[PDB]
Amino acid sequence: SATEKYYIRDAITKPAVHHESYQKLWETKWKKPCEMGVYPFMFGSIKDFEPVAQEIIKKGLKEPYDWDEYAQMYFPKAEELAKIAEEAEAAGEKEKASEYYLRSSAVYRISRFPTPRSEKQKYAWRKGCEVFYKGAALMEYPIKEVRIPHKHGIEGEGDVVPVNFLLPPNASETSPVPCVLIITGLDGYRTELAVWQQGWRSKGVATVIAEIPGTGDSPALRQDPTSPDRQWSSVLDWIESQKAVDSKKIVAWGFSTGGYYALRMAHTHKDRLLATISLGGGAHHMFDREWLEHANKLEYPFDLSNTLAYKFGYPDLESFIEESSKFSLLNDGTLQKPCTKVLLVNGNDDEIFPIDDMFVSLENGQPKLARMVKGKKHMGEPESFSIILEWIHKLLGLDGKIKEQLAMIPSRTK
């Protein structure tokens, strides 16, 4: 009984209105964050998305979505913005060029939400990365792609871990800087969580942003629970080779599904990490039949359980549920291992991963730091962001100007 099993009880059986139509997704969930320029609309403008949303609403698109039909609706706006960026860059208008390339990247991004599962969505991922990096190259402090050799890779794995890298300008072997390794989620990849990098640069902190297995350009085997372990060995080896970065001050911050990987690597890579943070992560119950058979209809904008199944390399939900127990940090013995410093943060009412997974994390191995956010769903925002920045600032002895750091996240566009 799902209603008996989990902290949120009968909330698990109440289908969210945004699943009725794209119109309801826009009106009740997406219009607000788009207006505010925040996830999933970082670098984005209401001016770009509003006319796309109007055309989708007119068509009356709804679940089950044809992802090629859905994705195509965004391309005219994405192409328009890229054209404006190109003309700006030709005129030497670098700030305008950077803004419009990044606005283009945001439109391509939403077109391949929740994850690229069609040819046009895979195309939108490639196109989105292209215009993202064109915009990033034109930032005052350019964010660059590093194609980290996946030296720890096995048969069937890609040869590179593509990451974002930003080094603060004063960083050197004389004055080496901490590094925040941002682990992205099921739908937000390195082109999304990029929004955090300039804020960390301002505090004198390097940033590396990497995708979880079965998302973005992760080379990791989708179905292999140990595939993330090899990926982080390759990433951390590369960070160790950057002498401007203090290898003893690496903090891994996992966002959403990334939180699972942050919690996992606190154990698998204990000796190589100062600390890890799981924000809206899971560990065990996220893989339950009962949780996954309900989560498709809850707070996630689309079909969470099917999307998670695809990310784990299964062609349907049932095939994933058959094998999903093997990914549990409880079942595979991860949580019995010693860990580095761990902070767990989430909203109690999370309908993407259960708060019950915070409890499983606190029931096993060494004590861990926790902040629960009462009456808030996935991520427990915005207080979760302040809690985590406060902790990382204390840990790394930063300037404590966290409100200013958070105020830098919302997108400004013309």
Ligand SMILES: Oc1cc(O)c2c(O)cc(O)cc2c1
Contents of the next structure:
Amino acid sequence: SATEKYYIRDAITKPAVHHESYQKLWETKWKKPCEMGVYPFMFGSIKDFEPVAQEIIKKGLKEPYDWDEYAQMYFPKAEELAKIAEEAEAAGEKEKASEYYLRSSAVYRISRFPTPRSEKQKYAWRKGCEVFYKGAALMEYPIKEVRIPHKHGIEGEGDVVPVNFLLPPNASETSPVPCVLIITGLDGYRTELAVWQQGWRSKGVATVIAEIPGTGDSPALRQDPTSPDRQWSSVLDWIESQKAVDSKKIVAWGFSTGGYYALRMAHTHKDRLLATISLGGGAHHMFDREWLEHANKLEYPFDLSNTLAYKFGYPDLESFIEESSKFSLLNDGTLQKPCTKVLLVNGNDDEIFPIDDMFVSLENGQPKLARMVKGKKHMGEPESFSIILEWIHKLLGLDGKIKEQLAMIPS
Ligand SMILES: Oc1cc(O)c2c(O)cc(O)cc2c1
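Switching conditions: you have the form deposited without this ligand, so give me the form solved in complex with this ligand.
Below: every chain and molecule of the assembly, starting with the one above.
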């Protein structure tokens, strides 16, 4: 059956305990990364989240979640942190203001995980973005929003591609810098992957952070497989206009679902990218009935397959599965085209997207760079981040000081 189909075999039939309740999500999956200040709790503090978790656990919330009831639990804490930030900014305490705005943005973020599917989650997205950019503007090296005109947009698409932008100091047309284009995931948007930007700045590298179609503020048509292609044309046209960036040194790094888009654009925009990295991406079997019919109950904190269906613009999973084959980079002929430099990295035991899709990626077109991480699930952490930074440092001729860069990630 499905138990024989994929690399992980009958692991797909074992429901993960975190789906039983929020209590199990918190105790077995979220408390630890929150304490360490890492994804999905970048910029966050256990001091903020633990009191909120305790209130959710007392209420006994669990799948199926009422996303308005769920989101509202985070709001009193998010507002408290935003009020503290405002009073700090009024007093000229810039470093403190920045911290509490970003702590507020983290609480709003988790309130609209896994993706905004209710009015209060849609509200939390807007409120989280607002406090993130207030925090970002008060960083020593401010990260700014750029509303890139979507010149390549068609009917029914948004007029702009909102991105984060950070340019290292002394970057100029005379001394231009490489750019890491970060493509975000199904749940982590530009307000989350922002955590990478100061690291890249410290190594003399510009960053642009953009969301995938049907997430954050992406203007792209959800159901149209070619919508990302138009988005990257607008984004890369804008990066080329920034003369302080070397347009011959753009590296696209796709995180999780972002990996699919990084792999896709290595083909669609080969001549405009030095390299792309897919970290925990998929390509083909991520759209399989069998995979999607099992993934709701596996390592993903909530309902992966339903969330992916919503991101692709479908009202339910069955309707998505009916048409999902058309998004395959194999089915649509993408993987037959020439590609720029591609690095594929993932944990073998991934239960969000199958390692089988790294195999499909290596079974078609030109040879690609790969590191498989045995005995690890989605993203193959922490070794994956060291592998990728080492490769990008070598590619761009940076200082190779990847431990220094990685140490800047934990909040
Ligand atoms: O350690 C990480 C860091 C991330 O940025 C992740 C992300 O964006 C998506 C995901 O599914 C897992 C992640 C794990």
